[PDB]
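So this first bit is one chain, no partners, the form deposited without this ligand, shown in structure tokens.
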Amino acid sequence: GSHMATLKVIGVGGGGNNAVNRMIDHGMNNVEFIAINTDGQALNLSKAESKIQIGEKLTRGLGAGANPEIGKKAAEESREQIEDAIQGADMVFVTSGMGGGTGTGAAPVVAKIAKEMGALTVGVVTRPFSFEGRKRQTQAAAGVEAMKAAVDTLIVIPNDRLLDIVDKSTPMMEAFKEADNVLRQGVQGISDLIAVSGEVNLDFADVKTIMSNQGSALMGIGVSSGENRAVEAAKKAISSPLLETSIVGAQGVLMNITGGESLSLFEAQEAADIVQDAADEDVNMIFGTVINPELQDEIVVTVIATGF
């Protein structure tokens, strides 16, 4: 009697659906993708197997014209279709760009529906670039607050952080792929945790304990080899330049270390200590270990931090 958790990733609005499209291209297994949009033109280009056009009577098939009230009403008008799409989910990631009309207004409705169905509900959203102006930022902030009230856990990516990782020539689409990686690697990290029985095993119940009704979250993965690999991988897992919520102040952590047969007890301690020292709190750790004999010198550290 084993459990196989059903994970769904739901893009809401333009940015959320483009993140979904790029995740589908990258390849993702045992995850169902759902695309939700008012904009029928964009929805027709989605690569997701489940598409939900919301608000057609309201927008005549256009987007929401930057009006979050239209996104919200569109989603409410389509509650039954959204429910049907979520059915069966054990975990739902709702991804959306805040500041426009559809994501800002509809993404919190989608998240609330998922949570009401008992699914562990994680939001992964962007805040707009400052160059998009104060009004867009203020609308986005109201969306972020509505998301907080509707999810178990929330990861916010301020788009301005992308300006910290580009040079003057980095293509915009390349920068967007870096933001996509936050979602994709968090999903993959949970998927991998569920699929393998670890030598010290963590499972979906541990994910639920760390993430259910917690507020802000960090989800990261680090990979390193050679000398100091465990410390370096742990540092990478907790240190993304793109996150509003850093590791500092976390009081709950799920941490998994995967390595080959050379994985040492000492380096597992070193990695665990990096995470708790950076948190600078009494951290309640759920610690796991997977020995993958295919691996030679690589170590992979996965962190989920909550409790801020």
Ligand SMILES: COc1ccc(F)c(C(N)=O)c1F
Given for the second form:
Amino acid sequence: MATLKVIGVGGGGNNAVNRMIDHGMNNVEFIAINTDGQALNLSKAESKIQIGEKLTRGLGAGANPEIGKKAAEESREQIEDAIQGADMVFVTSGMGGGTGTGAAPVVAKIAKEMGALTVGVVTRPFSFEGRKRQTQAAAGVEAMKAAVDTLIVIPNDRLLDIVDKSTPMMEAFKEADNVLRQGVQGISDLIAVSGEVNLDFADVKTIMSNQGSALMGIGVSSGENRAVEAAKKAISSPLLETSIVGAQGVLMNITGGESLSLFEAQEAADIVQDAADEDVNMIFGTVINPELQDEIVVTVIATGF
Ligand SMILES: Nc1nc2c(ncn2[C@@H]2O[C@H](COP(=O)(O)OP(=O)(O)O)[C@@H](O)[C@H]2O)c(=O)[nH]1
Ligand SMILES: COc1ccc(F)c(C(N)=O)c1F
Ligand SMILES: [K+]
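Instead of the form deposited without this ligand shown above, give the structure for the form solved in complex with this ligand, please.
Full assembly next; the chain just shown is listed first.
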């Protein structure tokens, strides 16, 4: 079976890895990469890599992305050894600081050279962090795009659209974490489960390899318009820089119980096709889970923008 690894690079990335481990994911390996040895000592990841100790003496990169980049380059063999064997790597990092900005594209490059299908899931900083952080972050996003197979960007300003004046900051961060964690879980499920119309890791590669921007979404619904609703939730994305609009390739899977109808599978597909507003090249899958009663789940991976 295909081996999935999630790598957190820098403070925000390792935060996301810690919160995902807390949440619980059972068939994914986690790797924590950081300059900051204090944060790395608190990581819940089974594999930890301290990079750049000679450069920083165990401190972070101090907002200097060139130090992050050098620290990763100098630890290339340790990063290779930790990746070796993965079929797919997700690299998550917060752009705009020194370690994520500089080291995450090096890690992603190493993963793609090690043979892994490589997906980046990165944040852009809040506008309140100022224009220099935003410009540094943009350069990291560009570098990440050059290094990955596909890239999901989460502008942190979008979190301000989903909170009220009291929502705890940590609850907002968990919402952003969901993008990665549900994208990972959806792939894990595809690999693990045999479908009635069966998709497998080669289909993931076809949809994701060397594609650029991506969307990864899941929607769950019940009741009379469940397929349309689940499809709409899978592609909605209030947190995403890349919406579904313009997608030219899509992997879509529908999971339901024995009641899953052909008609509602077409409805779901049509929602995705119409929201793309393009002629979508679809890879369509279906899973019948007789455990499920009235629940349906639509998973979408969209690329080709
Ligand atoms: N959404 C989210 N953003 C984060 C988190 N931690 C940091 N950030 C963002 O990521 C950017 C860089 O922070 P950090 O990863 O700590 O910097 P680095 O360790 O030096 O690479 C910050 O400017 C914030 O915009 C997090 O837990 N969640
Ligand atoms: C989330 O996508 C998934 C999940 C579980 C599956 F069995 C399949 C499949 N049709 O083989 C799929 F495409
Ligand atoms: K499968």
